[PDB]
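Undergrad: Taking the hints into account, I'd like the entire structure generated from these sequences.
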Amino acid sequence: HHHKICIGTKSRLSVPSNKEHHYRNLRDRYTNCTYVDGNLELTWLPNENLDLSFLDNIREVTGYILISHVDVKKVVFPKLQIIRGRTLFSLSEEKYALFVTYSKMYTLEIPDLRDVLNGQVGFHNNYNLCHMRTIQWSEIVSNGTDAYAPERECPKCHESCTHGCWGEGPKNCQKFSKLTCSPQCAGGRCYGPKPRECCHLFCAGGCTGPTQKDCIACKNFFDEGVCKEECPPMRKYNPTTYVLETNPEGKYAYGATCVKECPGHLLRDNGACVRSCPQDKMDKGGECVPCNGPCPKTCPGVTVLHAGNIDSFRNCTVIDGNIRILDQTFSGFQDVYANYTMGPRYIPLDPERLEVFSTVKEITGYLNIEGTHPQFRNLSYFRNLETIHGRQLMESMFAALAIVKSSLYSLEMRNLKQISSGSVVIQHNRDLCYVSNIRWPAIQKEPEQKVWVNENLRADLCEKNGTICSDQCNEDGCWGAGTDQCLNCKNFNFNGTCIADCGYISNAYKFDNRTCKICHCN
Amino acid sequence: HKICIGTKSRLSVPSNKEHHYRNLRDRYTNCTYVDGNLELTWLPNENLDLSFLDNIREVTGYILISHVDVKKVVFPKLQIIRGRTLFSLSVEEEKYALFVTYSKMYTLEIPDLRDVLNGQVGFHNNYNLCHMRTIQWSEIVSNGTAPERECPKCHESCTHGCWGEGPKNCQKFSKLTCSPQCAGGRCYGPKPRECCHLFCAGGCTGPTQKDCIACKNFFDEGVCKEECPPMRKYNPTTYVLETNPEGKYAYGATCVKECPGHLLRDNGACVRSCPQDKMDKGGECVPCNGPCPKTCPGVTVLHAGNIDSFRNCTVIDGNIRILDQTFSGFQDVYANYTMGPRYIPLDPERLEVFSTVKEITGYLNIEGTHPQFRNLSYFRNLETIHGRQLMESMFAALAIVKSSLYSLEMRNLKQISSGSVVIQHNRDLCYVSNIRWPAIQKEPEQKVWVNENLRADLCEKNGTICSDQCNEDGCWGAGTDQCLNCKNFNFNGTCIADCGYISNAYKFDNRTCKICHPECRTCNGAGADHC
Amino acid sequence: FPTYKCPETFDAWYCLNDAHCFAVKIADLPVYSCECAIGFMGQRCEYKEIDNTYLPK
Amino acid sequence: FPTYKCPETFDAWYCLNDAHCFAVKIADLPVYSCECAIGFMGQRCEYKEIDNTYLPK
Ligand SMILES: *[C@@H]1O[C@H](CO)[C@@H](O[C@@H]2O[C@H](CO)[C@@H](O[C@@H]3O[C@H](CO[C@@H]4O[C@H](CO)[C@@H](O)[C@H](O)[C@@H]4O)[C@@H](O)[C@H](O[C@@H]4O[C@H](CO)[C@@H](O[C@@H]5O[C@H](CO)[C@@H](O)[C@H](O)[C@@H]5O)[C@H](O)[C@@H]4O)[C@@H]3O)[C@H](O)[C@H]2NC(C)=O)[C@H](O)[C@H]1NC(C)=O
Ligand SMILES: *[C@@H]1O[C@H](CO)[C@@H](O[C@@H]2O[C@H](CO)[C@@H](O[C@@H]3O[C@H](CO)[C@@H](O)[C@H](O[C@@H]4O[C@H](CO)[C@@H](O)[C@H](O)[C@@H]4O)[C@@H]3O)[C@H](O)[C@H]2NC(C)=O)[C@H](O)[C@H]1NC(C)=O
Ligand SMILES: *[C@@H]1O[C@H](CO)[C@@H](O[C@@H]2O[C@H](CO)[C@@H](O)[C@H](O)[C@H]2NC(C)=O)[C@H](O)[C@H]1NC(C)=O
Ligand SMILES: *[C@@H]1O[C@H](CO)[C@@H](O)[C@H](O)[C@H]1NC(C)=O
Ligand SMILES: *[C@@H]1O[C@H](CO)[C@@H](O)[C@H](O)[C@H]1NC(C)=O
Ligand SMILES: *[C@@H]1O[C@H](CO)[C@@H](O)[C@H](O)[C@H]1NC(C)=O
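Chains as they are written, first to last, in the numbering used here: chain A, 294 to 815; chain X, -17 to 513; chain R, 4 to 60; chain V, 4 to 60.
Think of the hints as simulated: they come from the structure by calculation, not from any bench. A virtual CB, placed ideally from N, CA and C, is assigned to each residue, including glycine. There is no bait here: all hints are sound.
Here are the simulated DSS-like cross-link-like pairs (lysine-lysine), alpha carbons at most 27 Å apart as the crow flies:
no.: 1; chain 1: A; residue 1: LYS757; chain 2: V; residue 2: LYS60
no.: 2; chain 1: X; residue 1: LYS192; chain 2: A; residue 2: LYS512
no.: 3; chain 1: X; residue 1: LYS260; chain 2: A; residue 2: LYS574
no.: 4; chain 1: A; residue 1: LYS506; chain 2: X; residue 2: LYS157
no.: 5; chain 1: X; residue 1: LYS215; chain 2: A; residue 2: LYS544
no.: 6; chain 1: X; residue 1: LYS263; chain 2: A; residue 2: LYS529
no.: 7; chain 1: R; residue 1: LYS60; chain 2: X; residue 2: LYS384
no.: 8; chain 1: R; residue 1: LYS28; chain 2: X; residue 2: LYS(-1)
no.: 9; chain 1: X; residue 1: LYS230; chain 2: A; residue 2: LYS544
no.: 10; chain 1: R; residue 1: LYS60; chain 2: X; residue 2: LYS(-16)
no.: 11; chain 1: R; residue 1: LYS8; chain 2: X; residue 2: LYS77
no.: 12; chain 1: V; residue 1: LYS60; chain 2: A; residue 2: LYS710
no.: 13; chain 1: A; residue 1: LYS783; chain 2: V; residue 2: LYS60
Simulated coverage check for chain V against chain A, where a stretch passes if three residues somewhere in it have a Cβ under 8 Å from a Cβ of chain A:
no.: 14; stretch: 24 to 38
no.: 15; stretch: 43 to 54
TA: Right under this line is the structure:
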């Protein structure tokens, strides 16, 4: 539950090549969303006609809000009330929870923004933007600080408005919970001006009554409408019996939220919800469980694969992160640090070096392949890859598997039985063959997961060449030419390959109509 | 700050009521914090002193007051009743943290009482009691008259009700007297923002976690905490558990950096036993590789009905109590006070079940009496009594009281990890006064009580004394295999003077001889060809 | 303080080690409790009393 | 939205795939962005761009 959770974006102040694609992305990400886990960054919307109704249901942002180069006449956050600022946006010193630059909007309307829990508010170079100076940010900003002129003539605030307004009308008056209080409750927010009308110290922003059950938001943990110092533990210690009992009323901690189950992008581990799993712990069914014996070698993923980090994947059985294989992976590239300082140049590497991923069985993030090289033809380096968890996804189309503009001729990764919680995008691979005929729902876990297979090599041109599925695979498809490459087999399945009858291949007993097995028969 | 152990006999009493008074006076005198239920019953005679109530500040279980006829019952310093054990008349009915009944007292004065944390309050059929109707129990209890006597109004000073007659007896308020911004806690002033941290029980003298009277959950560094500082600390910003250098183990309302050692360690806490998922492995409760080895839960009393469960057990989780009723058999009672199934008398021969037992995590209690129950050789392979749970106000890890025992015979008992030895009034038992118990006990702070057993002189004349091969540490029995420590040489759990006697024995060490290899008679060393 | 005899089944079998069953009705409910013989305590008189007068060794 | 050029030392290496480097200072603080060539996106335009306009299969 949690109504509707979103993942924010990290890619900040970065300019997109296509503006239509970029709008389509933000619309897909934020529609029906109520709670954005991460940063909500609204960048490069130049068209005034664009519909920003995806912001309509957003109520809370855990990270920061960045609004840059938005030219739409009216930017409106109808339901947003809380910006937590757990992560903050700052340039290469000051750190912001709300930051608006180079935007040509006439009005920015957040009529129900009550509290900014961490970081500052900042406005810069917004020539048509107005009313922001009538706001009095000391009320909204948690610390209690005054935070950061237009060209146009600006309409006076509606008569109803006591002090300030976000825009035109009486529904755009700024509400006050902190400054209109009796001194009798220093360090809190009131629902009225009288001395008894103060609110619980746990409240954030506003509040309806005096109890912790009455807050708009919680300065600490939010458990299903109630604010509390701590989340009810999954295991609670018993002082009398000296035993750590299992708690029937237990809940998992997810950020500043208390939840019964945990979001698909996180694993539950010891009463909390973590993205990664401990060194002495095994991922199993979305829970960090103890591994039987030695723990399977889990090494971290990388933002871009290169010569500097390829060795670090030696003997890895699980990759916790993503793999991006780009033209740069084979070409080698000039790295950079956030300092803006020049980084190391990675010695070009050839595709044969990718045999490192041979031991890899699982990738917890997404697998992305956009690299081109004459020798980089199949993707058999991941022939032991079993599942791609979509715990993190690409920014566009929520892709868990994205093969775009690669120099591939076949996939060749059998054993890949499951892409859980993602979409598959395979487009514009001039010579990629089998992708067109694989029915990807068979691999995918939920029918709601989408697939996009476009612009590859014609299925007919693949036929003419003969690079099709073996006459032993069912209608599901295959990863490549081979007999061991079928997704599923319409006849008998033996070892990794598929035969017509267990009569062929000498000794093999048929303990199933769909499978045969090897002997030392009946 | 003295601790005392509460009883749980309910309305039951010793036949001798003067003895019963002296029993109570012994138990609760100079006591500050009673662990368990305080049961103040059957004081039928006025003028009993009742001074042992003077120092009581906290009661973890319930308080039961029944059949006490002393005119004025005062708890001068009682401030919280935790009610972690509750009193009931029938399983279906209310459970009480405080219950006074059939009592002839004029006034029950518990001024200074602030909090009843769990359970309800009850008064039934006490004829002279007064002012309880004037008290607001909604103030004291979290959730949950007709005296036929003209009773004085509360003092003019009291704005509400009272406990007794004085201005000192006015009921003071810290819960209902509050602002509403504090639902769930107690205020130290009537203003909003003048409320105390939800982490503490009873009253409080300021807003911070240090300004608390009693600690609701855990007390650490003089500051009240709901949860003891985690070993792995969660980060809400980047969703990951970080390892905590400041992490402390939970140890029953206190927060310690290292566990007592006799206890196990479950991830966050010092524990007695691991749950079915996990198992003992070193100091920790590590989860099992494949299957978890059959656990063996201790029993409240050992009888013919439950003895079979202990078959083929190595570690007894819990304790072993063999009582008179064990051997004589008895009728069981279901929790809903209807008669259960009757158990046949247990034959001491059946205790052989415990011969496989090596460890006892709780305490060992032997009180049972039987003509054939002469020794304790059923526990001959028992090597350690952990004492993670102790018995009575004596704090006993091993208690042998009025048993029919003649000798102990527990050869392998090397250690008592925590708690005391108490062995008394065993009219036939020998050896026990000559056993140097400190040797077996893990820490020298641990105590021993050895009294009223068969006199050492009378054991000597019988010749039921230690071998000549045992040192000054004493012995469990008469035999050569029963010495706590060998005086000289040790051969297969047997104490010998010289390895040359056993023929097949070679001198492995200055205090050890080992049996020769199956091959030959006499060896110069330890091996097959060595002959 | 009136006290009555326990039901036959309780009178005979409830209290152990040569104790005597007594019954009281409190809040219209029957409560069965007992007088223990010298040296016993507990609810069903099942535990042997320990002397606390002796000093430790 | 008037933008000036980034240092020629910086221009040569930073932006990738024929991307245009452009710099804007905000309150005297030089922030360097990177205008991408068609079909490329990223902070430095290092990743190829995916077409999200096709219908799902
Ligand atoms: C056996 O297997 C082999 C090896 O895999 C197959 O050979 C491959 O065949 C494919 C398909 O024909 C071929 O890729 C096509 O290349 C053509 C022409 O080559 C390019 O010419 C370009 C301009 O003259 C130039 O830019 C390049 O440098 C090449 O020399 C190309 O037109 C196709 O590209 C298009 O992709 C576009 C992107 O969306 C699409 O755009 C359309 O273009 C139309 C024509 O211009 C236009 O009318 C439309 O309006 C639209 O804009 C369109 O869908 C095209 O697909 C292909 O990329 C590979 O080069 C070739 N591989 C090798 C190694 O030679 C072989 O086909 C197969 N079987 C048989 C029987 O041969
Ligand atoms: C050889 O082994 C015999 C069996 O173990 C042993 O006989 C026992 O001796 C004890 C002590 O004399 C007997 O216990 C006493 O019984 C009488 C009879 O009513 C009591 O008066 C007496 O009262 C107590 O005295 C205790 C000792 O100081 C004291 O703790 C109490 O407070 C109380 O006043 C004792 O209880 C026991 O019945 C005998 N058992 C048997 C089976 O006969 C022999 O003494 C021993 N030595 C020799 C030389 O034979
Ligand atoms: C300790 O007492 C036990 C019984 O509790 C004795 O063992 C039994 O002794 C009788 C001899 O009268 C035999 O009838 C049984 O067959 C014995 N059973 C076993 C299992 O040994 C034992 O003799 C006593 N041991 C010592 C050292 O005194
Ligand atoms: C896979 O790729 C390698 C290296 O490019 C090549 O040698 C091999 O023939 C390919 N296998 C298949 C089945 O196409
Ligand atoms: C506690 O009572 C004992 C007797 O039980 C007495 O000797 C002692 O003086 C008392 N302790 C204190 C500190 O008053
Ligand atoms: C409670 O008593 C009834 C008889 O009245 C009996 O049948 C039942 O077994 C008892 N309850 C339990 C849980 O054993």
